[PDB]
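Only one chain is shown below, in structure tokens, and it's the form deposited in one PDB entry.
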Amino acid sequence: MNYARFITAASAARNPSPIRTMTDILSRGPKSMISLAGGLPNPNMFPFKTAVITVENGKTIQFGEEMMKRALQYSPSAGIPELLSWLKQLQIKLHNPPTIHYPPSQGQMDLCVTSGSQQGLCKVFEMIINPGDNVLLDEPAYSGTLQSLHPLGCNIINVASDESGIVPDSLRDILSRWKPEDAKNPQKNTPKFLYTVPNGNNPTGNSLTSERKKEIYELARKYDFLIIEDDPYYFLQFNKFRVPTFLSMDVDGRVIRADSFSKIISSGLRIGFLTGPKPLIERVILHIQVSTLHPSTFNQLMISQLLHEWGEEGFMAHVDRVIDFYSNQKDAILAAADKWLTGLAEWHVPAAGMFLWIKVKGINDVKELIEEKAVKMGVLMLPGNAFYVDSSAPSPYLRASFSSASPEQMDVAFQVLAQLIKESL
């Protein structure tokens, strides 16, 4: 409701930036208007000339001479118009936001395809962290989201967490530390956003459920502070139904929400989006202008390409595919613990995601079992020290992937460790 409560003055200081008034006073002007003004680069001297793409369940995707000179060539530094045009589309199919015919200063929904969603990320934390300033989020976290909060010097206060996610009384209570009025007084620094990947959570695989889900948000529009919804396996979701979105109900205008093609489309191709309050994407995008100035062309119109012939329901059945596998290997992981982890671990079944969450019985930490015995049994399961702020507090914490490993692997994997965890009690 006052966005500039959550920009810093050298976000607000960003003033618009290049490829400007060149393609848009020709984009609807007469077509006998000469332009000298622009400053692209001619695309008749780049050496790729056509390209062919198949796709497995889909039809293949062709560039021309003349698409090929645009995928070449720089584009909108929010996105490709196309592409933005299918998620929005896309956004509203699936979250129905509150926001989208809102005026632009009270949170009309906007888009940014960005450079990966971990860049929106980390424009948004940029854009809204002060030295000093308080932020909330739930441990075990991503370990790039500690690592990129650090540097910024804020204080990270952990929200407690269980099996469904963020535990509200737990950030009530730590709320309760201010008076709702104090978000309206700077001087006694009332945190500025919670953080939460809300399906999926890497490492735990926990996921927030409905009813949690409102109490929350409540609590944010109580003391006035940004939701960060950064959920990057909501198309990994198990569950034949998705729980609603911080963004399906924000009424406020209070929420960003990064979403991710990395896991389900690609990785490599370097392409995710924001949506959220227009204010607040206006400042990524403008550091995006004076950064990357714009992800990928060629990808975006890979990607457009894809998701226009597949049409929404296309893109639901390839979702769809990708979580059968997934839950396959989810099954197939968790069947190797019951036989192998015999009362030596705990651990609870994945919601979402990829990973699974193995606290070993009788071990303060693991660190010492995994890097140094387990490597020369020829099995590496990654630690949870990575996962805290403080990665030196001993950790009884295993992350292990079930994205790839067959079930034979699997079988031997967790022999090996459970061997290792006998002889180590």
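Whichever C-alpha set is largest while still superposing within 1.5 Å between the two forms counts as the rigid core. Residue numbers count along the first chain shown, from 1. First, how it differs from the form deposited in another entry.
When the two forms are superposed on their rigid core between the two forms, the C-alpha shift of 2 Å or more among 23, 11, 401, 415 belongs solely to 23.
For residue 32, a C-alpha deviation of 2 angstroms or more is recorded between the two forms after rigid-core alignment.
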Contents of the next structure:
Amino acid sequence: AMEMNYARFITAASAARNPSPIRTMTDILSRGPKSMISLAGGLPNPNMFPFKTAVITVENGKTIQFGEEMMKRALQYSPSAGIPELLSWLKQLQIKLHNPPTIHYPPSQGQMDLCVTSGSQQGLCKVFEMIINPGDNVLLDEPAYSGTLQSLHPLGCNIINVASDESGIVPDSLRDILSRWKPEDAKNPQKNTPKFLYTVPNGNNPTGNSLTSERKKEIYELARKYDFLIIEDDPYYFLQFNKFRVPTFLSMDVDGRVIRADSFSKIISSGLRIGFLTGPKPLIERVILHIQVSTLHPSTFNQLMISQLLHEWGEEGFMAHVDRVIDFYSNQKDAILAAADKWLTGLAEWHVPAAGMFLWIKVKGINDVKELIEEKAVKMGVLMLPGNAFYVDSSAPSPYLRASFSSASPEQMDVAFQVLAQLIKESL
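Right, the form deposited in one PDB entry is done, so what does the form deposited in another entry look like?
Partners and other molecules have been left off, which leaves just the chain.
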């Protein structure tokens, strides 16, 4: 256990955030009798709200019902970090799946803390705003999620690009990048050593490539040596195609240097906007205070829908669900790889996605696929995504295409790649 200095990863603005007056009140109300008349809060009267009951049908589960009182709770303000029954369910899930070393650490030493967020990306945006001053160095691997790049761009950090391949980030690249600094330079803020490494360790959007166990051990040792955070943005953790899931950065986080984002967006609902951050208490605390002044909390309604489903499923029923979803996406993956093999062998290069929704295709011989897709393929009713958007320099030419296998039938994929092959052939 290396002694962390979280002040180093919190901006002056972030550190200036004071606690809610609401929490001061609720703590006074606890040190005091339950038979209480409080006119001190700012809750509106929930009996004025026009939604009264809710019945919601479910796969392989008892129907979810909001009675009159539960509905009034669902329509009312709730805690910033999330409703307690969901938070505690999720805390038990994280202990079962990742058994983080930080569980029983003291708060100031990076004790594991959770925060339910309005989607996992709200969590990360908050994390990036917490950490980054202009001119700070951050590490990631291009191709990278376009949302992350669009989020980091206005913050004025320098993105130092780490090499990646079929197995995610190449730690051998990271090591060479870091040799620029001496390990002692982490103790000196004028030397400007990397604040963090961001990655999507399973099923990277857009590549489909997942890190291996061994590479995560190497990355963690480098993060320990040069004393940076690892931001583990892991929305396809529950869409891994291999039988045994790869150990997370969180699971090996002896130092309390890992902030993890989990997403319900591909397994439970994207539209509900319920994800969660898991990380060291001092950093999670900063994120929570920012949420207090922006969204206040994620939808109470949508949390109670998800929490009731998860409590009646149990961990067993939840993991049975993710297994059915993995099976679906694994068949879709096999279908798109078949269409790839049939139409693009000799015209394009690609790897087998280890997780997620995307096949990432390099077109041989064509420097920029943007003209082929946007001017020709579109007019023929086919579209894949040019790779341009997944690099910091998006105006640079890209031969790559991101192709989602989430929705399309085998009949549609076949047509799509036949058209692509035809267009590649008439462009060379």
